[PDB]
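Number of protein chains: 2
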Amino acid sequence: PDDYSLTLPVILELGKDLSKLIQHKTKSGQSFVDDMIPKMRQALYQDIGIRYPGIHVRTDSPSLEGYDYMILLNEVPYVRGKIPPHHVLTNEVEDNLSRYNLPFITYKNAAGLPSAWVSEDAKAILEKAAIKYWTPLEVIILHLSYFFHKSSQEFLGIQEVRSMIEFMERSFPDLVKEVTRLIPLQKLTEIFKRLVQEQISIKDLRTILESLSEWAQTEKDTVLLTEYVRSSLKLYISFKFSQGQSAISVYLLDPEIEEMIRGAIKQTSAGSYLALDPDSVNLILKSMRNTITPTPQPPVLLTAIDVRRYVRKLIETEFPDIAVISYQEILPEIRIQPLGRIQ
Amino acid sequence: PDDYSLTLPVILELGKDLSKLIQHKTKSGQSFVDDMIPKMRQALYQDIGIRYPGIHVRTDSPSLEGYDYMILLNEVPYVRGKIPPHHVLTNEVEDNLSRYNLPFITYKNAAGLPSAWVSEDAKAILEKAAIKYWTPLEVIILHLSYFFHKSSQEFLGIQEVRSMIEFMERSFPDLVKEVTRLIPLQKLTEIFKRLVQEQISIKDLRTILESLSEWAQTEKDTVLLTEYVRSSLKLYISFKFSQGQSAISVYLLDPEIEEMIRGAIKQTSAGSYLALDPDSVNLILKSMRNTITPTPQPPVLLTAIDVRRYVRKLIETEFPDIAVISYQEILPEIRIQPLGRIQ
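Protein chains in written order, with this note's numbering: chain A, -3 to 339; chain B, -3 to 339.
Treat the hints as calculated values from the structure; they're not laboratory data.
Any given hint might turn out to be false.
A pair counts as met if it fits within one copy or between any two copies, since identical chains are not told apart.
Here are the simulated DSBU-like pairs of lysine-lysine, each with C-alpha atoms no more than 35 Å apart in a straight line [what the hints assert, rightly or not]:
#1 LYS230 <-> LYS119
#2 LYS119 <-> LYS199
#3 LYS189 <-> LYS124
#4 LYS216 <-> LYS78
#5 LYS173 <-> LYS16
#6 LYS230 <-> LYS21
#7 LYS262 <-> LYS21
#8 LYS199 <-> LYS12
#9 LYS230 <-> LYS12
#10 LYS16 <-> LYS282
#11 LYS16 <-> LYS236
#12 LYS282 <-> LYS23
#13 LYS173 <-> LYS128
#14 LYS35 <-> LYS189
#15 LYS309 <-> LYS23
#16 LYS12 <-> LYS189
#17 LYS216 <-> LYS262
#18 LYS119 <-> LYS282
#19 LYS16 <-> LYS104
#20 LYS104 <-> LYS216
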């Protein structure tokens, strides 16, 4: 009646028609709310450390267009989106679609999503040309998943990290003890947050904790401890950023740029930051814009060990999805296919 | 659901046909999952001082061909492999097989494993000729064993070392009490890990603990404690690297090299550095390359007591499998056969 209520972390509101739409089942007899959304949460938990909250679905939204949907983060609207009626979504090129495929509607719901919508009546031909397509419900799932991917910091806090560490305690009481006797819980969560901010999964807790148990005996800096955990994930990072190929394809930095960055460190009374020379930062960004070819996959930038974290923070603003990795973080025997040298 | 899952250390994924294959007991009635894998684990735990994890077997994998298999370390793919259909593996010289009118398929699954595959129809012939062969299931076990051996450090951490010390506590309460009173669990874990990192078995926990119980009264450096444990395993080391003969075959160092290494940074830093000139490290590495005739078993490099650990930390990157031993680790009556110094 008049107790407090906890704010709901994620709301999905649907217009009258999409609400009418979540009543069917896919050709595989699965439910949007009981199967598709849980499987998305499960996939996200496998892709990075986080166990993301459930999705509260509000049907027949009054403030919504029947074919519109809205995502609310902590009961505040985060993103609106639209579904072109009676279509399926596609990721096809603009010269390939000039293969008599009439519906070339471009409407981008989000950055990381496809935008080439095609009539549902064309499913048959889409399946005959090896064109993958997403049904409108699957597009909603794509967008929810993208949302979770870009906003991990919103769902990985002190309580959530503690819950995962406690689960670890059941079979690793002594490793956790050795990890809780050196790094207090708040510092631990800061470290996990830095990891997932750069798409480093924190799912392999035994590896990460074993790493911290080693490096936390000597170093207390949370940023450095994070670097070490990264260097502990050689197999994972190599497999992820090489996309499972025999060779990681990366961009490099001209040694001149690296040494120039190296010469901009700070005194670490509190922390050591980048003494970003304005004009030099805008010159490195310009060389990156004019060297890294745009993408459909995000590109990978391989740098020296001692500058990687700085390169990330120098570039994270314009190139937020570019992965900056270091030699300390790839397998010793890994094949490297250089693509360019930023100058 | 809402709950976490513990990452699986070892997954073996099998295509359709290999999956069918593990459903049949061998000629002698043993099961791939119930007998072969357990016995391999027991053997590894008999050679190295590690208890290796169980293997989770995923059949009818979607991403694998009928005769393909994959090994995942902590749910990241480690390696992929093939089995030539309806064949058995042999180590025969290819030219000899040809001379026996036996068509052969060449395929090397992992480093140091045989590669001459022969139709299973040839078993009888191979038996009468006393030619060794491995069935497909046996080859998967061979590759699994190579994997576990290369990945030992992945299974030897704080919780696992604690588990060992626990088992030791049941019959050696006071010896454990003496060692753990002097060495914390994390330091103990470091020492065991150093031992297996250089192929020294930690199966004889009584000898290792007794050694530590003696030397931890006086010495706290974990590296020096490790050296002492190494010298306490004289019998094990002599038998292993002499391969059981009345004489160990070794390479030696020039007195000039030993004296030159002997300039080593030993500060009060819980472990001493080794400050040798870069070009000098490259001159010792060059002399080793030009003096170590490659091996068809690994070679042994015999050094003086006070330089052994440094010699290792100097050659381990380019010469990773060379066993570096000292006069302190071999039996006094084991005859030293010298294969030339290092210029």
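Each hint, compared with the structure:
When the C-alpha separation of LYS230 and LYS119 is checked against a cutoff of 35 Å, the pair qualifies neither within a copy, at 42 Å, nor between copies, at 43 Å. Neither within a single protomer nor between protomers do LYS119 and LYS199 lie at most 35 Å apart by alpha-carbon distance, with minima of 37 Å and 46 Å respectively. Taking identical chains as interchangeable, the C-alpha atoms of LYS189 and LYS124 are never at most 35 Å apart, the minima being 44 Å within one chain and 56 Å between chains. In the homo-oligomer, the alpha carbons of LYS216 and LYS78 never lie at most 35 Å apart, since the shortest distance is 48 Å inside one protomer and 46 Å across protomers.
With identical chains, the CA atoms of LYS173 and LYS16 are never at most 35 Å apart, being 51 Å at best within one copy and 44 Å at best between copies. Proximity of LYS230 and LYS21 under a CA criterion of 35 Å is satisfied in neither setting, with 42 Å inside one chain copy and 38 Å between copies. Taking the shortest Cα distances, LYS262 and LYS21 never come within 35 Å of each other, neither inside one copy (58 Å) nor across copies (66 Å). In this assembly of identical chains, the alpha carbons of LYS199 and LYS12 lie at most 35 Å apart only when taken from different copies (29 Å versus 38 Å within one copy).
With identical chains, the CA atoms of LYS230 and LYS12 are at most 35 Å apart between copies only, with a shortest distance of 31 Å across copies and 49 Å within one. Proximity of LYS16 and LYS282 under a CA criterion of 35 Å is satisfied in neither setting, with 49 Å inside one chain copy and 57 Å between copies. In the homo-oligomer, the alpha carbons of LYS16 and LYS236 lie at most 35 Å apart only across protomers (31 Å), although the nearest pairing inside one protomer, at 39 Å, exceeds that limit. For a Cα distance limit of 35 Å, the shortest separation of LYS282 from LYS23 qualifies neither inside one copy, at 48 Å, nor across copies, at 66 Å.
For the identical chains of this complex, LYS173 and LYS128 are neighbours neither inside a copy (48 Å) nor across copies (50 Å), given an alpha-carbon limit of 35 Å. Taking identical chains as interchangeable, the C-alpha atoms of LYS35 and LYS189 lie at most 35 Å apart only when both belong to the same chain, with a minimum of 24 Å there against 39 Å between chains. In the homo-oligomer, the alpha carbons of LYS309 and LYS23 never lie at most 35 Å apart, since the shortest distance is 46 Å inside one protomer and 61 Å across protomers. In the homo-oligomer, the alpha carbons of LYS12 and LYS189 never lie at most 35 Å apart, since the shortest distance is 38 Å inside one protomer and 40 Å across protomers.
For a Cα distance limit of 35 Å, the shortest separation of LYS216 from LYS262 qualifies both inside one copy, at 14 Å, and across copies, at 24 Å. In this homomeric assembly, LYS119 and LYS282 never come within 35 Å of each other (Cα to Cα): the closest approach is 43 Å inside a single copy and 65 Å across copies. In this assembly of identical chains, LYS16 and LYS104 lie within 35 Å of each other by CA distance solely inside one copy; the values are 23 Å within and 47 Å between copies. Within a single copy, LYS104 and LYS216 get their C-alpha atoms no closer than 44 Å, and across copies no closer than 46 Å, so neither meets the 35 Å cut-off.
Going through the hint list in order, the structure does not satisfy hints 1, 2, 3, 4, 5, 6, 7, 10, 12, 13, 15, 16, 18, 20.
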